[PDB]
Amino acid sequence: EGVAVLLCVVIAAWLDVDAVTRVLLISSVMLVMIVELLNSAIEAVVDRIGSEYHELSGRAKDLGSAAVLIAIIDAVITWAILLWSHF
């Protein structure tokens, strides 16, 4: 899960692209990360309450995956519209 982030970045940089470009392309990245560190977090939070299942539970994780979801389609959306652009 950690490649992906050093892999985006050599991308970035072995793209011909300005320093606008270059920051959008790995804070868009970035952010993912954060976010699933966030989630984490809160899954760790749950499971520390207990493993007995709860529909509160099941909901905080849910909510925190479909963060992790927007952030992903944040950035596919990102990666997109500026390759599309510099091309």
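Positions refer to the first chain, counted from 1. Take the two forms, find the largest set of C-alpha atoms that superpose within 1.5 Å, and that set is the rigid core. First, how it differs from the form deposited in another entry.
Once both forms are overlaid on the rigid core, the distance between the two CA positions of residue 37 between the two forms is under 2 angstroms. Core-superposed comparison between the two forms: the C-alpha position of residue 62 differs by less than 2 Å.
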Contents of the next structure:
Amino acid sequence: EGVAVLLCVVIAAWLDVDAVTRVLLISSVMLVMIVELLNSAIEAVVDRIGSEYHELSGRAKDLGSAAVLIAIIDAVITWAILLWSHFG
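Output the structure of the form deposited in another entry; the preceding block shows the form deposited in one PDB entry.
The next block holds one chain only.
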């Protein structure tokens, strides 16, 4: 789970790109990790609310999962744009 992201970081450290590109490649996947952690925190909050009050939290989990997906899409796009301009 943190392997897949750290693996990308290693690749981004190996690719013959300039410093700016490397930062963008690395930061985009670290953002995915950040949003995944925040989403899992929200999921824990939802579960905590359910445990305490026996109440659902509406679309809280769906909204958090959508945040992760967008972060992932942002990462794919970033990598595509950069690594296609770098060579295509």
